[PDB]
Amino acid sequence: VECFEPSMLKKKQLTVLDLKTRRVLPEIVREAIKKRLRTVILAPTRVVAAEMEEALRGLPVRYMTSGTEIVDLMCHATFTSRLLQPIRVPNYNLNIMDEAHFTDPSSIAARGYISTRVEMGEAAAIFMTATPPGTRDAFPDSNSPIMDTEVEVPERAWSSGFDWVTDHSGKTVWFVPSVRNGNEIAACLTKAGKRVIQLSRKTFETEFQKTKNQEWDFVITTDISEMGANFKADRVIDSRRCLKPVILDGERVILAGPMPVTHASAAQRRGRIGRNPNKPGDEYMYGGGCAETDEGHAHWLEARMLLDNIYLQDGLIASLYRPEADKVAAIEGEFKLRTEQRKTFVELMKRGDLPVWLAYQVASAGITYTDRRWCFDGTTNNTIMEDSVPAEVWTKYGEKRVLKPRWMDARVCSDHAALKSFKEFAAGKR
């Protein structure tokens, strides 16, 4: 609940610790070592993993990010990846997930595996988050009072009518629905004389350090900053919008929206500020309402794809964490692959860096990892565009062909670097 007690470490217990790194995590870790409980600590990002190392200095933690530790620490994604691969992973007696609201498929699957293990009676778990899966509170308490204001927020370059944006003399974190959208606002700001840092999923791990090392006026970020990113800011501007990956007719993935964020997302975005007890009056400006946009969101179907392929016990398939389990319509076990296709599936996701859903379509079709023929033999309306002309690649055979994947997932080309990565894939370069 609000305070940790040693009883939470008992098998069969699952606790949502709302709302840390603190001396709280070290407290938990000390209690776990004293009880000789084999423990995992799951961090959302490497940035958070490094922060954790700092707080846990002196404690026997194996950082998978003496030689003899009984506490392991790794990223959410790493845990789930190790589960899916042939790799032996301990049946941890205690599972600690930090920023346990993370809606990445790997994170959802991890919650599912972990929560099933506690239901079986095999482990305990602690899910640490200010915004539990399921929450409807966009305005949770904070360390210091926040001034909340509903206002029209620009989503395109502007010149007049938004003076409050540029008249501010402090530091602002501005949440946008997409990289491309952030690029436009960033350009507008920079033209206006501001110093801007941009953050997204693919750049976060390396670019977040700029917020410490460089002067800045605005951070333009996608939803990746909802996962414990700490800024020394006094204002958040929140579009209150996101893109929603959606599977259409079981045959394609589109990026729907922009559309309203969940209450959890809004709460996390706002929670970037109001954090300093000695600094009341941080500002949260928000530009729309919330909605349950995690319903029918592809990430929870992708989570099922992952979990269907993780062994737990003969004949058993882990269920999603119950508060999240209605976000997807699927039959448990429907995505279970046989050993060789599973291996292909994993390789497409890791080395291939393909979205889960796409990796599944390819693997389930009996295509081997290196066989890229599918990247070119799709229908005309699957052609991927580059600067409003069909995108082209040289195949590993040396033939120039139009990128036209058999299965279309919009995430493969939603911004320049995504397209650059998929073109390299289609070319057989990884």
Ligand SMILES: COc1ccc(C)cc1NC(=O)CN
Contents of the next structure:
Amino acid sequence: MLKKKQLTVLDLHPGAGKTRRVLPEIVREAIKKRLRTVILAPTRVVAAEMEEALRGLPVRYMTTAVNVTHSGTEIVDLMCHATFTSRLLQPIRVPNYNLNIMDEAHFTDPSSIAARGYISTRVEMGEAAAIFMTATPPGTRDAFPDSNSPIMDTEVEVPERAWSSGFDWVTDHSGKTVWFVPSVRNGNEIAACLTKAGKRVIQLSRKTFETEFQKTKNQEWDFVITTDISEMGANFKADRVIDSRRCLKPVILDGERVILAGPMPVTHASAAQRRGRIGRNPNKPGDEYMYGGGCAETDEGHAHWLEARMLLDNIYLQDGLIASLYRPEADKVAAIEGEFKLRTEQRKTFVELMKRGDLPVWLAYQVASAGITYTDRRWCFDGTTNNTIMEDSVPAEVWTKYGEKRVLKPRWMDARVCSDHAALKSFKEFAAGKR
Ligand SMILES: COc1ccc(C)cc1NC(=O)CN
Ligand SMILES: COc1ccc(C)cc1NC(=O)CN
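Any chance you could show the form deposited with the named molecule bound after that form solved without the named molecule?
What follows is the entire complex, opening with the chain shown before.
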């Protein structure tokens, strides 16, 4: 695996021990061979689980998620996928790692796709080796892979709204259920319905995942209601998954705005990872997977692959060369390579809008490429009437940094800035000049 110009897909089935058994063996061999190695975790939660898997091995944990005192001598780094891509974009020296290991390498967030494109390009150049660890590589067509224990798979109508009758199987269950919903707002409705029926519910989404995931260990629960973020190595002591088989797809319309289309079917990879939360214990056969729809390749034309091109166009590789997406996921976007390359100062603005600004990549790019500086929020108010953001059926309003009350009406409308109460609160703070 560890030889230059090799990219290995470690595609053992979910729960086969890729992280707890195989990874430490790879790391030991890498240190022996004096390979400068990076290990990429999808989330802080997985970063902390990896520290447990790798304990006593000399690894530099480049995250506050791990409380360890480093020796200073480590040649293995561990960081999150997004941290890798972030450091590549910034004017910070990132070592040219001899061995690049990506755990949960199916993750479809723009920074993960970009990281795979950069890494696979270095491997193609003959510069490096890589290992992509996932049960579900890009373009997998298998929603029902092998498991540690037999799974009961049932196609059934799954509620996506509060219900009064017709779904007794949902609440009659005495075990623990992980329920994949397509959005935070949809999870809120299902969660309230379950709570009203006497169930103990924990809700997980990207912004809340580290804090709320700990509740799955510290409190008794009946249901976890989660978005797709629990596809990325989240482990539960559960005996049932309920899968809507639905997701939201961010779509760029007429190069001009981003909508959250759907809900629509998940990919086969997503479905397999959702199901893969259960069947993990060879001593507990007959975990249940209840699924409410079919799969489709909804990653085609999904904004995250164009956003990944925006990131890669702005990462130095060698002279004017630009890293390609990882070949198996490269046709998910129609882009001209280099079309999003920004000059140094617009690039710094683009980076700051994504990090400090917490804006979606697409929206950060529209603002930075327009020659707007990071602190200039006039664009949050001067859009068309149809760009008016609504909050409880009234136009959303903020006090501008000038002290003027204005309707939020961004020049570029990205539905991700107002997809739920938390998102809109963050965007209101941004529009007001508060970060
Ligand atoms: C929302 O945060 C980001 C936005 C954009 C990029 C490329 C990375 C990050 N996150 C990190 O760098 C976390 N350490
Ligand atoms: C020669 O190109 C390839 C052939 C096959 C595979 C798996 C990857 C690449 N290259 C890339 O994916 C560059 N990002």
